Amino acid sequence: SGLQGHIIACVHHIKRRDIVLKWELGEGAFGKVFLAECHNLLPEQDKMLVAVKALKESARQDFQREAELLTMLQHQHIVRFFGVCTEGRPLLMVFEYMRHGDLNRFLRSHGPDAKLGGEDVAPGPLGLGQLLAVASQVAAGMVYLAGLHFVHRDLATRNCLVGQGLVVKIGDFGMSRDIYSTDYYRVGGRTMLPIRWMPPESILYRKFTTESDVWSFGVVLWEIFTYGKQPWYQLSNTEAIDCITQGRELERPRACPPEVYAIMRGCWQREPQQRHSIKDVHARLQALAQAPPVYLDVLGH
């Protein structure tokens, strides 16, 4: 459940008059999301755009616990939470607006299968350096979460956002199971598992740790270098469970250099203790991302 799992009060408040709903961005089972104009929120701006999550009994208690946890979780690679609006209904969670939407959508639209300007990025597919800076920012957010001993449980590019200047942050508005339903395997009733992103211990033993998140980051790295393609896309849900439990590893993407694939393989160690830490996976990717173009052009053959 993301934030709910970590839970199981200096929360900032915003007045309803200060939030002006413009239009809907999306809608799901737990509520909807709107683009809104927010007044007197941040100085030297006066007015600014935000993404507003509108709460669709215990929901109100869950909301406050979610808000308190979101007020703690503040980092440069975690979508910014501004506060809540509790005067009247619907209850609202206010976040920064990320112009390019979710990371999956952004990757697919800058991939070889895209339909067809470029303010933040060049024409045609994202270069090696562009793919690496994306990876590094996600890794950095996971470093902060592991640092606060937070277990994400649903790390995937659909659960990352992209803003102006290609800034990548971990975050979502709780609509992934509705917008990307084929990225989940429905067990029974409401329970939906992101099995393609899960390690063997989470599928087999139903264990979720800091180490199962590292495996998911490994899969997120694969999605980055495959321009948002679904992992094990050629397989059904039961076929994918079989491959994961039998120790099978996703193939090296075409755009992926062997050095990047070594980071992936290290995230995909069957033994959770054997998995390379996220503090090291980030340190490894950052170094690669800011490395000179002479060194980088050599990496990509």
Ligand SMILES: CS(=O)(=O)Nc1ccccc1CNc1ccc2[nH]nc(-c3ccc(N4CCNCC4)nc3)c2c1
Contents of the next structure:
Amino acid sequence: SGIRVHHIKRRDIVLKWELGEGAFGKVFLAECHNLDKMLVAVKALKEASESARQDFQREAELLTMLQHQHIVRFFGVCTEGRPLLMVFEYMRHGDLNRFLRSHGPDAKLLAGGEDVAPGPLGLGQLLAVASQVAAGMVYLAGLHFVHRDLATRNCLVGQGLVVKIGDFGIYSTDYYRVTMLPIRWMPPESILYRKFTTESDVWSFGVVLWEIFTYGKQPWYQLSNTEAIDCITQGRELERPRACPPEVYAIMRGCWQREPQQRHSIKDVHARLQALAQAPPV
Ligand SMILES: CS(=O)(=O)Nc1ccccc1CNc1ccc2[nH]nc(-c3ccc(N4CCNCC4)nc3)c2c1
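Complement to the form deposited without the named molecule: the form deposited with the named molecule bound:
Now the complete complex, all chains and molecules, led by this one.
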């Protein structure tokens, strides 16, 4: 008894090549038949655990029931032989962090694609990406879902700057080696009391908002993991980005209140973000 997970025939999936590697294993570009031929992203678990076979069904069940407009489209699994496979839609731009970086001032005009100009994005484009991520967080907050790793590296960019949350729950400085913590995105109540609620995600979204307007710079990049923990817990906030209007900064400062109850809800942050997106101050 639980969520009916769509199973896919292994012979209906032809692996093209590796797109990347993660904790879970490897991601590939592939063709999928009978879902007409169609390009898709496929995750392959490294397995070698009976437990990891349990986390697979868990994630597959949550993904199958969390389907929405700003969450990466999940098509089903393949348990017909090791390795286990998760099939998703293909977001041709890859993760939001690398996308931002490729449109930043250090990148000059090396960004490609036919859908977006190389070099910096429009203010209205930056607020579109921000608003799309917020909307995905509003949906997850609705189902009492808490994202413990909200960061631009866990979002995907598709054709026409469609941004979705691509990843949910070990060598980058993003994560502190303890359990790996992405402390730099964590509010004080998570570092100090080990609490993570909906309001925690509102604080994390503020950092995502900062990441977006810095073109994917790492929060407190000048500081170590412990130095960042000191700042966060002492009330020191990130500097406004060069490319950030005060109305956006103000939204950021609204997520960075020490008292979680003194933070605006994610539905209000979305709303303020959607508004500006339809009317970018510039
Ligand atoms: C763990 S990973 O290989 O870095 N994949 C990944 C990256 C960012 C956010 C989420 C993931 C999780 N895997 C995943 C899930 C659904 C996906 N749909 N499309 C992709 C996808 C992933 C990567 C990708 N590229 C962009 C071109 N550079 C090579 C990698 N193009 C599309 C994808 C990945």
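Take the two forms, find the largest set of C-alpha atoms that superpose within 1.5 Å, and that set is the rigid core. Residue numbers count along the first chain shown, from 1.
- Core-based superposition between these two forms leaves all of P272, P253, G266, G28 but one with CA shifts under 2 Å; the exception is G28.
- Aligning the rigid core between these two forms leaves the CA of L285 offset by 0.4 Å.
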